[PDB]
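> So you can see what is in the structure, the chains are spelled out below.
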Amino acid sequence: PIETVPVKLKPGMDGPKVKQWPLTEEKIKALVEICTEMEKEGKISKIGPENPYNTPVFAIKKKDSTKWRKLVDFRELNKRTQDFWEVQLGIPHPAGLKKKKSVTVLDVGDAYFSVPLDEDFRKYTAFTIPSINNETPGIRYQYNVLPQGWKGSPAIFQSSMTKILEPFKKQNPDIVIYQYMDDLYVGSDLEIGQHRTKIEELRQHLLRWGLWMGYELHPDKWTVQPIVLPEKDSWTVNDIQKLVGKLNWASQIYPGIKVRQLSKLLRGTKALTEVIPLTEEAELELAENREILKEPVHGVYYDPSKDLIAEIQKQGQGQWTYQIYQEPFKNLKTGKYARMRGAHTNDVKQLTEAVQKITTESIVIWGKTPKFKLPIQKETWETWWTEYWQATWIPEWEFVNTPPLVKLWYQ
Amino acid sequence: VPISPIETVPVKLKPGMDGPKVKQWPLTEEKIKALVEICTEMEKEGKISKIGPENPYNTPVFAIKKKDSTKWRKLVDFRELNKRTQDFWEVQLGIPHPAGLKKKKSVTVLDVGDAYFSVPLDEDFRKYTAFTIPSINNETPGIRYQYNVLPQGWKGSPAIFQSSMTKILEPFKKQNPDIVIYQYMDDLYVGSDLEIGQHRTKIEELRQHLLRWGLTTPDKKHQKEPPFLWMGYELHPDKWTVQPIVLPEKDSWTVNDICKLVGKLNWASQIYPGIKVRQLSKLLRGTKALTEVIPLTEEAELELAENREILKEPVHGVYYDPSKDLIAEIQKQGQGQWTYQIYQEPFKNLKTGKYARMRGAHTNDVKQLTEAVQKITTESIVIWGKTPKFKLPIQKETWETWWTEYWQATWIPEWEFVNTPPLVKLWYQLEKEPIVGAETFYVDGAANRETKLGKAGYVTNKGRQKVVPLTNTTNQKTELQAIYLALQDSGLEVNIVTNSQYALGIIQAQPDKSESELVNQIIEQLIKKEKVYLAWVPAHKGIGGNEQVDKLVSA
DNA sequence: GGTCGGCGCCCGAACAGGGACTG
DNA sequence: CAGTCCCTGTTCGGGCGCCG
Ligand SMILES: C[C@H](Cn1cnc2c(N)ncnc21)OCP(=O)(O)N[C@@H](CCC(=O)O)C(=O)O
Ligand SMILES: [Mn+2]
Ligand SMILES: [Mn+2]
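Here the protein sequences come in this chain order: B and A. FYI, in the deposited numbering the residues of the first sequence are 4 to 213, 228 to 428. Going by the deposited numbering, the residue at position 455 of the second sequence is 454; the numbering climbs one at a time, nothing skipped.
The hints are simulated quantities; they were obtained by calculation from the structure and are not laboratory data. Just to be clear, a hint being listed does not mean it is correct.
[To be verified] Some chain A residues judged to face chain B by a derived CB distance under 7 Å, without partners named: (1) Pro243; (2) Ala538; (3) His539.
[Stated by the list, open to error] Covered stretches of chain B, as calculated for chain A (at least 3 residues, CB under 8 Å): (4) 14-25; (5) 58-72; (6) 77-86; (7) 112-119; (8) 229-241; (9) 418-428.
We put the CB at the ideal spot given by N, CA and C, even for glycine.
Go ahead and model the full structure; you've got the sequences and the hints to work with.
Set out below in structure tokens:
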């Protein structure tokens with residue numbers, strides 16, 4: 004008996020038509036049980052080939068979670084409805100969420116199934132379930148309620164969500180709550196003990212309105242990865258050549274970096290392993306270059322109208338560096354990960370973990386997901402990344418192949 | 000017209016476009032008799048109905064012979080209607096493979112006679128499916144019908160039939176969960192572990208369940224005893240094989256005959272191990288004429304004779320046992336070619352295959368091996384829904400050195416080393432630190448965009464120098480040439496300093512083959528060396544001999 | 001015969017995007 | 001400075017095979 008909110012595509016755009024990729028046996032069996040139960044509960048209903056739209060579907064398991072979770076790759080549908088969840092029913096991003104001592108993530112995606120979807124828009128939520136060895140044709144479905152993973156679901160449910168959180172926000176005015184996709188970010192400066200207690204108060208407060230899992234964060238402990246120069250008492254020609262090339266590349270970010278006096282030490286055609294003493298002017302140029310790298314870049318600030326871009330570099334030995342920016346050489350944030358799951362054995366699991374950690378930080382700081390430049394081949398990534406995905410959202414990515422230059426982000 | 004028991008599928012045209020209006024092409028008098036005989040029988044069965052002059056649409060119609068039968072098949076040239084028909088999403092996601100079949104006690108295969116003619120079409124859409132049957136006389140106005148069922152030739156018929164067929168089989172599969180029904184269009188592969196007594200009953204129950212909706216299962220197409228003819232294979236109780244393949248032998252080969260030859264070789268590669276098409280596919284390149292006669296190269300004739308000798312021996316596959324592991328082993332066939340065998344027991348192959356794509360102008364065996372593993376992984380998930388355990392002709396230490404030191408993220412699933420030459424390895428290793436006691440070469444190269452002239456050379460720490468003029472070259476080719484010069488004129492250990500990101504990025508990827516003859520020469524020199532250390536420095540910064548050698552090669 | 005859909009392979013042409021140099 | 005071009009990779013169009 005609920006009124007449906009009318010939703011339309013962007014002017015001059017059709018629905019998504021993405022082919023379903025092959026799925027493993029454990030994922031298909033999980034999707035059949037889920038889609039049968041969702042069909043029995045009226046959440047989804049079967050359709051036919053007269054619906055020309057389709058969106059891929061697979062299943063995941065969150066961190067330390069045994070239950071399978073249906074996940075739809077609504078990335079193409081979210082692009083074709085962008086003017087809806089930004090212009091009309093936008094969600095504000097609190098700037099104080101990144102400053103809290105502890106932030107917890109709650110999966111509230113099951114609450115979207117309580118609101119019906121606009122009848123004229125259900126045609127675009129179509130998805131197909133594959134079968135092993137193509138025993139049967141594709142079993143197609145479409146959503147009758149607000150789907151999980153669609154950027155229009157939290158916008159429509161925002162009015163219903165605020166009235167559920169109003170009693171809790173009133174009793175706890177210092178706790179910050181942010182909603183992104185199927186996740187609810189609850190942050191507070193409270194002690195770790197009573198913080199989890201306030202989380203359980205919110206879980207029971209949500210169970211009364213018809228809501229589980231907990232992923233803890235600590236944004237105040239997030240550190241950046243600066244550009245560092247070596248500290249050696251005996252420099253060689255090869256050391257100084259690598260030092261000049263690194264400072265020359267870093268000069269694109271810090272315009273005050275100078276390499277004139279250091280290049281004068283490389284005037285002759287010397288052997289690489291030959292020791293070179295640093296002149297008096299070169300020592301001052303290196304020390305001043307170290308002090309510049311401590312200063313923040315001039316004129317770097319986040320623009321809400323610009324997209325976020327994240328580049329990742331493989332540094333070996335389980336080391337992974339990343340930079341987030343909107344304009345080139347104006348990095349809003351740098352960082353480095355180490356000893357993630359699959360370290361020293363699986364690059365794809367390490368890279369998949371890194372993308373999730375980077376995307377989570379971008380949601381807390383700016384409330385936006387970045388487009389990734391992945392250092393991986395397209396076929397290698399599109400073959401394994403679903404085996405390690407543990408998040409209810411999926412960021413956009415492109416594949417790059419940039420051979421290492423002068424190891425700028427890692428000593 | 001009676002209502003069909005099957006629920007119709009609502010079909011629309013694309014907005015702002017009318018139905019087709021095409022004139023009927025001339026038919027042979029032997030095809031006209033076949034159409035009038037079929038159109039009269041389908042009209043009696045309610046599959047087509049007459050239309051008056053109020054129907055302004057028309058579409059050509061023809062017919063082809065049925066294979067191994069005297070009956071005919073009615074086809075409509077709906078090429079103009081498909082352009083203006085709404086887009087459909089095909090539910091057929093792939094083709095089933097016998098290597099994915101599990102062993103069952105009983106197996107039954109049955110076809111559906113005139114499958115498209117037993118599924119209704121949307122009443123609001125039957126108008127545009129109008130055709131004209133010409134008579135034996137050109138002056139006779141002819142009889143005009145419209146389709147009340149799914150026509151053959153309309154782009155929506157297969158997608159509608161497959162979804163319609165699935166909806167009819169759903170109540171039977173729901174009541175009989177222990178029955179495996181492989182559904183490909185109308186061809187039904189029914190197998191079960193039930194006893195043979197109850198199996199024939201469930202088969203007859205299925206033949207009666209399909210009969211309630213107008214789907215007839217003729218006893219002519221019924222199959223009760225092995226071998227079963229299913230999807231172009233021969234299914235036996237313990238093995239399977241493809242139906243006999245006939246390679247056409249031609250004294251004079253055309254380009255279209257090569258495409259028909261390569262197509263059957265790719266089809267044979269699914270079970271026949273060791274099929275190559277590298278030399279034969281090299282005949283299809285650079286040629287733009289299907290009917291042009293092309294001579295067979297010496298390498299193409301040898302490759303063809305080897306494929307014919309493989310097709311002489313009989314091969315067979317086995318079925319899938321979910322209780323045992325899946326194993327895939329790869330071998331390095333030729334240069335750029337790879338073959339694999341997927342099996343569970345030794346020499347009992349479930350299926351075979353081959354990989355031979357050339358990705359990039361510069362590659363190595365480890366990259367191509369990684370690409371073959373990924374192709375087999377996705378192929379195995381389609382057929383068996385799981386990733387097999389690999390046996391790879393690459394040392395564990397060799398792979399450990401590659402994936403750890405490579406800048407891209409790369410990975411191979413759970414595998415083990417199988418010692419079957421030729422073994423995949425790395426042919427040279429660039430040092431991570433400069434070499435003590437090795438001559439340091441500062442290389443550089445440049446060229447003019449207009450005159451296409453340039454120089455390339457080096458300057459070393461021991462005073463050695465060289466500059467070579469080059470004609471019809473580019474800045475990239477000269478900088479690659481300068482590194483080649485330093486590799487020629489150096490000892491077994493050499494330190495090279497360049498400012499070319501292009502040249503450095505190619506060499507650091509450790510290629511062993513290249514489309515560029517210059518890079519192949521650089522590779523050959525890198526294998527002869529014992530220690531090579533490459534280093535990059537920025538240009539135009541006055542660094543070492545790189546500035547002195549930049550001014551020497553500037554012209 | 002020259003109809004449709006699905007999947008596979010092979011090829012070239014068109015497209016797409018970054019270093020390096022020049023007006 | 002923007003404009004190229006040299007190089008490389010990707011995507012798509014079209015032929016065949018095979019199945020219904
Ligand atoms: C209509 C449905 C699918 N289908 C098969 N071929 C085509 C085609 N060329 N164009 C369009 N749809 C086609 O076919 C199943 P059927 O009708 O039950 N039996 C076959 C006879 C096979 C033979 O012995 O050759 C037929 O009559 O087609
Ligand atoms: Mn049939
Ligand atoms: Mn140069």
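> Can you give the numbers of the hints that this structure goes against, from lowest to highest?
1, 2, 3, 5, 6, 7, 8
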